[PDB]
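K.L.:
Fit chains B and R to the known structure of chain X by using the hints.
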Amino acid sequence: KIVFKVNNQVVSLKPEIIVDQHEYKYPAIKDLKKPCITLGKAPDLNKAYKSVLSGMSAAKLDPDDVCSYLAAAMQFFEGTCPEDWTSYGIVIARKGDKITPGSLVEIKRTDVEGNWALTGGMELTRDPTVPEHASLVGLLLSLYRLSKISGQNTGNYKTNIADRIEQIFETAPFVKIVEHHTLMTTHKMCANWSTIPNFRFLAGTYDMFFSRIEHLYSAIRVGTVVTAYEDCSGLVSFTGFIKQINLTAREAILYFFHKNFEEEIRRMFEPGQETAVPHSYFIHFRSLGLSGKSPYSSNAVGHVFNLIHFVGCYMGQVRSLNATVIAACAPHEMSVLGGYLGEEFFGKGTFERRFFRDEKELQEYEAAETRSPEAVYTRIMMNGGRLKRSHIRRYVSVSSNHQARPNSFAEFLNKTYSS
Amino acid sequence: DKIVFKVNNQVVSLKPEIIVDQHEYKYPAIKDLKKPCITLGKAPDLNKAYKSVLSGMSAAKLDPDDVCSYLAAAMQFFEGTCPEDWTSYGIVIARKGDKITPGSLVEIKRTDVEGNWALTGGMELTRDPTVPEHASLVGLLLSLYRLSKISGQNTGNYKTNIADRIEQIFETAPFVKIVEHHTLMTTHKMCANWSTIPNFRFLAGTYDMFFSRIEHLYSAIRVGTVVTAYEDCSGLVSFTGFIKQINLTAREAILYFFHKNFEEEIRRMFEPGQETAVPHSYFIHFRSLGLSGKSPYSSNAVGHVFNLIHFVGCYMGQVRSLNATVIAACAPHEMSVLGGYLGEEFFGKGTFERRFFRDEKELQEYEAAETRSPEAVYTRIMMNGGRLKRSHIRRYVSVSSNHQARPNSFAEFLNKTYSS
Amino acid sequence: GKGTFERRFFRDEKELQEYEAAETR
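Chains as they are written, first to last, in my numbering: chain X, 1 to 419; chain B, 1 to 420; chain R, 1 to 25.
If you are wondering where the hints come from, they were derived from the structure by calculation, not from laboratory data. Errors might be hidden in some of the hints.
[As the list claims (entries may be wrong)] Some chain B residues well away from chain X (every beta-carbon gap over 10 Å; in silico):
{"#": "1", "residue": "25"}
{"#": "2", "residue": "41"}
{"#": "3", "residue": "90"}
{"#": "4", "residue": "110"}
{"#": "5", "residue": "118"}
{"#": "6", "residue": "162"}
{"#": "7", "residue": "186"}
{"#": "8", "residue": "213"}
{"#": "9", "residue": "255"}
{"#": "10", "residue": "273"}
{"#": "11", "residue": "320"}
{"#": "12", "residue": "347"}
[What the hints assert, rightly or not] Sample of chain B residues at the chain R side, in silico, Cβ under 7 Å:
{"#": "13", "residue": "5"}
{"#": "14", "residue": "6"}
{"#": "15", "residue": "12"}
[As the list claims (entries may be wrong)] Derived DEER-like restraints, expressed as beta-carbon distance ranges:
{"#": "16", "chain 1": "X", "residue 1": "401", "chain 2": "B", "residue 2": "249", "range": "29 to 35 Å"}
{"#": "17", "chain 1": "X", "residue 1": "375", "chain 2": "B", "residue 2": "279", "range": "51 to 57 Å"}
{"#": "18", "chain 1": "R", "residue 1": "18", "chain 2": "X", "residue 2": "225", "range": "55 to 61 Å"}
{"#": "19", "chain 1": "B", "residue 1": "156", "chain 2": "X", "residue 2": "358", "range": "52 to 58 Å"}
{"#": "20", "chain 1": "X", "residue 1": "401", "chain 2": "B", "residue 2": "349", "range": "29 to 35 Å"}
{"#": "21", "chain 1": "X", "residue 1": "47", "chain 2": "B", "residue 2": "219", "range": "52 to 58 Å"}
Note that the Cβ used here is the ideal one computed from N, Cα and C, for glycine as well.
For reference, chain X alone in the conformation it holds in the complex:
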C-alpha cells in the first residue's frame, strides 16, 4: 500500500501525496462539420491587398484584417481534385471537381467591416495582378513559420529561412512586391503571430490544399510546411524510428521494456484518428481548430520519445543528437535501455536470400547473436540493468564529436557520462 511509517519519538504512519492530472482530447470529428473560424466582413480585395502591402513595408499589420484578406484570397488558387477526398466522414471534394482552399473549411463572415487602412508603403495606383496577390499571400503566411522558429541561438538560421522565402515570391510565378529585408523586420513586430488562432488555422488550410492539389503557387507551402504534423513529434519520431531500425511497428514496441511506456503507447495509438489516411485532417489537426492539446506531442509521449532519440544518438543520427530531451520523463532510465537497444540495431542487419536464378535454386536454399526481444531483455538482466562500459564509450564518442546544443540529447549524454 502507499502508506509508510516514520518513528519520530512516537510511531507515526503518513500517506504520501503528490499532485497529478491528465487532460488529453483526440482530433476525430464526429459532428461531420468542417472546421470553422469567424472572421470580419468580406474585403474589397484589391483595396485589402493595398492596405496589407503598405502595412507590410511599414512592419505594422492588423491580425484581423490580414486574416480576412487571406480568407478572401483563397479563391484565386483553384485546381482539380485528383481523387475523391474524404476525411473523418466528410466528403470535401469529389474526383474531377475544381476546388479551392475555401472548400476544406468553413469561413464565417461577420457584418463588422475591417479597418483596411493604408500606412506608407503603397506605390501601386492600379488593381493588383494575381501573381502579386499570391506573393503577398505567401509572405504573410511565411510569418507563421518565422514566429514559430523563434528561440535562443536560432539567429543566422532564421535570417537564412527569411532570405530563402524572400527569394521565392520575388521570382516567377511570383512578382517582387516587398523589396529585400522587409520580411525580417515585420517578423520582429509579429514574432508571436503563431499564437493567433485564426492565423494558424488559415496556414493549415492553405497547406492542406497545396499538399493534395498541385498548383502554380504551391511554393506558398514554405510558410505553411510547419503546420503539417504540428505538435505530433512523438508520433513522427516513432514512424521514423520504426523505418530506420527496419522493424514492424509492433515488433519495435516489444523492445520497450518498461512500465512507463504503457500509458504513452495507449495514448499515441488510440484508434479512430485517421493516422494512416494520406490526406486527412489529421495531418493539420492542430493547425485547424480540432483537439486542443495534442496527445502525440513529444512531451505527451516523453518516454517513447526519449528512448527513440537515445537510440538515435547511439546510431549517430544527427536529428536525435539535436532533439530536446524531456527531463520529466526519466531520461536516465531511457538512456540505459537505448544503449542496449542501440547495440542490437547498430552495425547489424537481418539478411536473407530472396532472389534466385531458378525455382530449383530457391528450393535448394530452402533446405538449410540472434536479434529478438527476448535476447535483449535477458542480456540487460544479466548485466543487472546497468549500462555496459562499451555502451558508455559509444555514447560519449558520439556526443563529444558533436556541437552539442543547449538542451539536446547530445548535451545530456555529455553532461551525464564524461569521465
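P.N.:
Same frame as chain X, now just chains B and R:
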C-alpha cells in the same frame, strides 16, 4: 490482427499501432493510344510571333503561355526524315524515310481563344526573321528549363558555367547571336522556377525526344532539354550505373540483394508493360510529358535499392555515390552493412578469363580445362552474424573522412555513423 | 546508469501469461 500487442496491467488491451502513411504509385504506360497533349491558346503567324517573343526575351518579361504557342509553331521549322519505323506505347510515329517534326510526336489541339503577345523589349529586326534566328531563340528559351532545375546551395558558380556554354552554342554556327552575353544568366535569375511550370516541361521533353531520334542541324538545342530524359527515375538510373560499375548483368546483380525489403522495390521498377528497354519510347520522357504520376522509378520509391547502390559506391570510392542524398526512411544502417559486404567483394577484384588465343588449337586446349558468387557472400555475412566487419568500418571511415561531405549525402551519413 | 526494466509488451495474450508464470535495487 497478428500486428498487435498486449499493453495493459490489471486488464488486457490489444492495439494495432497506427503510423503515418501517404504513398501510391502511377505507371507511365500509354493505354488510351493518345499522344500526350496540352491544347494551345491561338494559332500564330510565324514572323509576327517571333517578334513578340524576341521582345519578351530581351525585356526579361515572362510570358509562359505565349512562349508555349510559339514553341509549337517553331516545331514546324525543325524537320527530318525518320531513320527507322518508330513504335511506342502502341502509338506509331511515322515510318522509315518519313519526314517528321517535333509537333508530329505529340498532338496539340488548337483553340480559337485569344492570347497576349507584348513587345516589351527591344527588337530591331524590321525584316522577317530567318530560320536560324528562330532556332537560336527556341534553344535559349528551352535552356531556361535546365537553369531553373539546377538550384541549391553552392550551385552559383555551376549555373554560370552552364549558361556560358549555352550562350556559346547559340552564338555559333548554325545559330546566330541574338542576345549578346550575360543576358542568359540574368534572365535565369529573373525566373529560377521555370521548371515548376507544367507546359514548359512538356515542351522541353517533346523537343528532346525529337532531337535524340532525328539528326538535325539545330540538334544542339538539346542542351537544356537533356535534363527531361529519364527525369525522376534516378533510382532506375542508379541501378543501371551499379550494374556497369561492378560489371555484372541485371539479374546477377539482383541475386546479391539479400534483404526482404528489396523485393517490393525490384518488382516495382521492373514491372512489365513499360518500355524501359525500348530506346526511343515515351518512357524516357514520361515524367516531362503528361503520362506520369510521382514515379515508380524515383530514388524514394526504390529507396532501399538506391541506398544499397550508393553505399557500395562509397565503398568503392565513387564520388557520385558519396555526394548523393541518402533516404533516411529506407533503413540506411542495414543497407550500409549489406553494402559493406557487397563492396568488399566488388572492390579491387575482377573476374578474368582468357578470351584471346594465338591459334584455334590453343583455344580448344583452354576450353578442355576466392570465388565470386551470391552464395559465398551470403554465407560470409552469416558467419559474421550480419554484423559489419572491422575492415568494413575502416574503409567506410577512410572514404568518408577524406571527402568534402555534402549536407545530407551518403558521405555525411558515413562520417556521423562510424567515427570511432 | 541503472534501470529497472521488465517486459510489458507481448505479441499475444498467451505470451503475456507465460512471462507472468516465469544487481538488486
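K.L.:
Can the suggested window of 29 to 35 Å be confirmed for the beta-carbon pair residue 401 of chain X and residue 249 of chain B?
P.N.:
Taking Cβ atoms as reference, residue 401 of chain X and residue 249 of chain B lie about 42 Å apart, which means the hint is violated.
K.L.:
Are all beta-carbon distances from residue 110 of chain B to chain X longer than 10 Å?
P.N.:
Per Cβ check, residue 110 of chain B is outside 10 Å of chain X; nearest 22 Å; holds.
K.L.:
Classify the label on residue 162 of chain B as holds or violated, using whether its beta-carbon is more than 10 Å from each beta-carbon of chain X.
P.N.:
18 Å, holds
K.L.:
Run the C-beta distances from residue 320 of chain B to all of chain X and say if the shortest one exceeds 10 Å.
P.N.:
23 Å, holds
K.L.:
Taking the beta carbons of residue 18 of chain R and residue 225 of chain X, is their distance inside 55 to 61 Å?
P.N.:
47 Å, violated
K.L.:
Indicate whether the distance between the beta carbons of residue 156 of chain B and residue 358 of chain X respects the range 52 to 58 Å.
P.N.:
Hint holds: Cβ distance 54 Å, inside 52 to 58 Å.
K.L.:
Just to be sure I understand the hint, the distance between the Cβ atoms of residue 375 of chain X and residue 279 of chain B should be within 51 to 57 Å; is that true here?
P.N.:
Given range 51 to 57 Å: holds, Cβ gap about 53 Å.
K.L.:
Confirm or reject: residue 347 of chain B is not an interface residue toward chain X, with every Cβ-Cβ distance exceeding 10 Å.
P.N.:
Correct as stated: the minimum Cβ-Cβ distance to chain X is 19 Å, above 10 Å.
K.L.:
Measuring Cβ to Cβ, find out whether residue 255 of chain B lies farther than 10 Å from everything in chain X.
P.N.:
About 5 Å separates residue 255 of chain B from the closest Cβ of chain X, which leaves it inside 10 Å; violated.
K.L.:
Measuring Cβ to Cβ, find out whether residue 213 of chain B lies farther than 10 Å from everything in chain X.
P.N.:
Given a closest Cβ separation of 30 Å, the condition holds.
K.L.:
Would you check whether residue 12 of chain B satisfies its interface hint, that is, whether its CB is within less than 7 Å of any CB in chain R?
P.N.:
Given a least distance of 6 Å, the restraint on residue 12 of chain B holds.
K.L.:
Please confirm whether residue 25 of chain B is truly not at the interface, meaning its C-beta sits more than 10 Å away from all C-beta atoms of chain X.
P.N.:
Per Cβ check, residue 25 of chain B is outside 10 Å of chain X; nearest 13 Å; holds.
Hint check: violations occur at hints 9, 16, 18; the rest are consistent with the structure.
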